[PDB]
Every structure is written in C-alpha cells, then in structure tokens.
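Below are the structure tokens for one structure; questions will follow.
Partial complex: the chains shown occupy the same locations as in the complete assembly.
For clarity, chains are labelled A and B in written order, and residue numbers in each chain start from 1.
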C-alpha cells in the first residue's frame, strides 16, 4: 500500500437557488476550482495527472456525460488526462475523495484530483419516452431535488419519503425536539458568520467571474438568525412535525476540488502535503430514516481503524437537517454542541449543493485541523435512500 | 499490505435492441435482474456482509436516476444495510465499476463487493433546461439516448462536438482504415457471434429477464444474415466520401451485468469459487475528435505498469463501438486485424452496446473465454466518448 496525501484544495462560494451562481453551467462551474488548482501549484507537471474524479448527484443537465472529463477539458488540463464521475447522491464529492485515495493506495495511480459539483439552480426537467405510438401519457418531472420516475416497487417496499419527511421520521424515532433542532441551526448560523468574518471561508474560496461580476462570498448564510425567528417557523410537513426551512439546509450551487498524491508524486511535483487519508467507509439504513446513515458508516470506519470517535479533533458532520445531525451525534456519544463538531458551522448556514458538499467537508475538516493544531479529522454525511459515508484523515 | 482480488460468479441479461425485447423494462429493475440471479446462484453467501455494490451507468437522467446502484440492490431484495454507488465514464462505466471494486478490496477497505453496469437506451428520457428568464422563448427538448446534449459553446469551439460516428470517420481518415477492412471486421464479428450463440456460449453468461410472463433469453441485436455484399451496399452515415455505416458500427441497446469480487478471506468464508484474479486497470485520454483510439494510451499504461506485453494476453476483448476504431487500435498496438485472440466470440457490432453495461460484459466474457480456451491472461479495453480509453487485465486461477 502507498500513503496518500491531500495537498492543495479550493472551492467556489456556494450560491442560493436562482442566486449568484445560477447563470453558471455545472461543467463551467466544476472547471473553476480546477483552474485555481493549476494557478496555485506551479511545480505540478499537469500532463502527469492520472485521473480527475468528481462527484455529481444529477448528471441530466449541463453536467451530463461525465462532468469530470468535461470540466478538466474546460479548465485547460491536457486532453491526455482521464476523468470519471461518481454518484452517491449527497455523498458524491466525498466518495470521489475516497475513490481517489483507494486508487493511489493500491498503487494504481500517483497524482489525482478529487472534487464535486452541483448546479441545482440549473437542474433540468426530464420527460420519459412514449412507450406506444400516440401515447397520451407524457409528463415533465423536475430534477432539482427528490424523487422522479418513481418505481411502484420501491414505493411499496421502502416508501418514497421526501428528504424533509425522512428528517421528521428521524426526529420522531430518535426523540429530537424542535427546540434542540432550532438551537443547533442557530449555532450553525453563528459559527458560520464568525468564520466568514475571520476570513476562514475566504481562504477556501476561489471567486467566480461572471461575464464582469465577481462572486466571492457564500450566499446562503443568514447571520441575522435568532432563536425567536426560528421558533416562529411552521413545519414543512404539518403542525405536529418539527422540521422547518430554518433547521434544514437548502438547495444550492457550488464546486470544490483537491489534489491527492503519493509520496513520490508529492516530491516530483513540488506539492505541500497537508494530511494523509486514513480510510473511508459506507453503510446502509432504511430509506425512511436516511439521516441516521452516518452511524453505521462511522462505526465501520472507526472499528477498522481502531480509532474512537472521541479521538477526532474535528468532526465535520453534514447538516442536511438538524434533526439527523443531532440524532447521529447522540448515537455516537458526542454532545449536541461539542466544540469539535462543525466549529465553523455547516450546511444549514452554508447550503448543500449535493455533489459538492462531501468534497467541501473533507477540505474544510483539513483546513480546521490546520488552524486548530488538531491531528485526526472525521468527515461524515447522510445519503438519500438510506446511506452514510465517513472519511478520516490525519494532519502531517 | 495489498490483498489479492478474485472475480467469482458473473452473469448478465441478454442485450436488447433499441425499442426491442427489453424496451419495457425500467433501468433500475433491469439492473436488479443480475443481482437477484447472483443471490439465487451463490447460496453460501451471507448477503448482509456485502460491503458495496458498484454499478456503471452513462445516463442517470431516467429511471436510472439518483444512484441506480442503490436503487437496484434494494429492488433485488438485498438488505437495506448494503451501500451502493454509481460510476459514469460513459462507454466504460461498467468496466470502471469492476476496476473500482477491485481497488476497494485491494486497498484493504472491503472484502466482498458486487460490480456491474446497466443501460436502458430505449428508455433514455428527453431533457429540458430551466428557463433563464421569465417568458423565455429559448426552451428546447433534447434526446439523451446517445450523443451530445446541452452543448457548451466553449467545448465546441476548442475541441468540437463531433458525433460518435463522426469521431469514427475521423479515426478512419487519420489512421487510414479502409471501408473494405471495416466491412470485413464487421462480418467477422457477426460470424463469430453467431457461432458463439449457436454453441451456447452466451447462454452460459445469460440470466433470463422476466416481464410481467414474457421471458427474454436471447441476445437480440445479432445479424447472422450479414454478408460482405450487403455491407458493401450501405451508404456512409456522414456522407458519400466517408466510411462509417450502420453495418460497421454498433447500435444503441439495453442490458445489465453484474459479478462478485472477493478477497481470499471472503472467498473462503462465503463458499465462493474464485475464477480469476484482477491484475489492474488503467485509463487514458485522447482528443475528443478521435475518441475511438482512446484504448491505445490506456493499454500502454496498464501493460507498462504490469510488465505484460500485449502479445502475452490469451484473450483481448476490445469493444467494437466502430470497426474503424477497433482496427485502428489493433494496428497501433501491433495486433493483426483478424488475430484469433481478439473478440473470438464477436463483439458489440453483433451484440449491441448498452453503454453502462458493456464494460462489465467485456470483463465477464473475457473471463468466460479464458475458461473455455484454458488461457491465462485476459485484457478488456474500450473507447469512451469525449476521448478516453480504459483497460483492465485479469488472470484465470
């Protein structure tokens, strides 16, 4: 096995639906971090990149037909560089990092780029083909988020709960109160606003130029959030439920990318190694409670590595919904407000462009370890239709 | 330390023609067919111990949306505790699933996995971009069956957006592959596939698809009736001075395939029969305009790292997207146009090409053929739209 080092990493700001990045095609957006990596790392011989791996949950729109390859070509990497796109919905960008790790670890590759993209603003409508001449049964479905082309067999066996519905199932089954979710959301807003003001996100961000407007800041943050404002919101799924627009992430646009390399490649390309990847693990759960998916993923990873959850100096836990973030922490024995968890806030504040988020969590965990002087970091997130993914790193 | 990785049982659906025998089957349900078969066929496996299902799929806009690997494993009746992930390297997706599964076991992260691929090109949906402005008159529906959609003006101006048949004419022109040679290659594919079908070779690979019942059991795309004279009469797709025709190109098709990969420890624990060890996978990039010679850098990269000459392989499964690029690849790698180890059971010109499933089929058929021929090493390689190649090597145990 070879050690695998994460080197430079960079991301776009995250835009609101229909907001600052809505005019940027997914393929063009994915190319922005790749162009930045090139500019930032002048020792690299770019013809020696073995592969670009990108996560993307949609792939029906301008991200169609292997967006990783489209993006590397738009970014001006050589046409000799291959690319492949991953889809594990919400966890896609993290899967790209872990898959990139496995490829180097197994000695198949030396120098790779891993990232993720989503343009949920620009997600297309889809229409199935007619199954008979003169069919009257043609319909358009929205690919922005959630179920489309529903399978009756899936509905009858597992249900087709919307993501907020699953988050309410978790709140119910795991006993997570409305008040606890609102406090978690408020802390996310507060920590993200502080991190933004400190310039932490600015160090992770490459601005996007739109032909020229410059988009430099994450757009989704609500720094003025207060507990009173959150308490007044009506639950999405009816008055007896707990999940609201204020204690859940949104749909968003963004891209992120990072360099991974073997020891030999770090030396050859003049890279700065920042952390080594320890491992990645996945787990599956009932679709109806997909939010709890990180629990088996984290347990699998930590048991194989023999590292206690309490040993991590940062835990970046995706905040798809406060209810599931809290439920996961509670099962793993971590306090709802533990200082190592999401110290710069998370997706409730920052937004959630599905394919990008998992790459962002890895790069931000590493960034946070560097600033805090921490050693081990854990990134983990839930996945639609009942999965979890977890990835651990260690600063060098 | 690295672990050896063994391919065990492997199975596929038949390949359907566009709008043909499998056109009524949702891609997710179709992907679930080989999964259910692996379950029925391998009674010793403790199925709650599968670490991951990896599936290739090039489209993902239709009933294969939102991570078809996970959708299929749930529809196949595998426990909800088993994770799944879907890979897209267009034409090579299914082979990428196998190579990705291999790397997960080889690195010690997993012990028992399923790798496969699916495509329902019959059912590929139309797509329409959202309006960029209120009352926009610029709304357009685009076919996702095959080829470019949502064309990026910057891709077109830098690299061109040549259709797959256009890229195959570019390869024919640049590598000097004659119409006559292309037609001869296509005839050989038809004759070899027809012979393999008759010998029951494909039946050993095929699990039937049940449609609520009608049962689909046979590969539908083959044209055993093909003659050189009929091929010679066809007009080139892209105009009179070109060479690629419907008869020297593959088609658009439906199908799924899956196979078990396992560490030595998992082979023992689950009572599996190891059939080959995976040696490695490599990828390569080329200009989009000549995507069909993509396999050349991929094969050169893999063979140089493994220290195995191309001439050392006992079978070469080279995908036949187009006769022109099949021949160009062989010539570049120093292999005869009719070498007996290449595509001995025929290939995509006869069998069809459901993008996401094809690369998984090539791996499992290369293995099948090694067993039939008593061969040792096998190479599967294929081209990829927008200019890539992928290659994967196995050795029979």
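Assume contacts are C-beta pairs under 8 Å (C-beta built on N, C-alpha and C of every residue); 3 or more make two chains touch, one makes a residue touch a chain.
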Please report the number of identical subunits in the complete assembly described by this file, where 2 are shown. 4
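Just so it is clear, only the chains that are shown with their structure count from here on.
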Residue numbers on subunit B that touch subunit A, as the complex places them: 1-2, 23-24, 26, 28-29, 51-52, 58-63, 65-67, 70-71, 74-75, 79-90, 96, 100, 102-104, 106-109, 122-130, 132, 141, 144, 148-150, 152, 154-155, 158-159, 280-288, 297, 384-388, 390
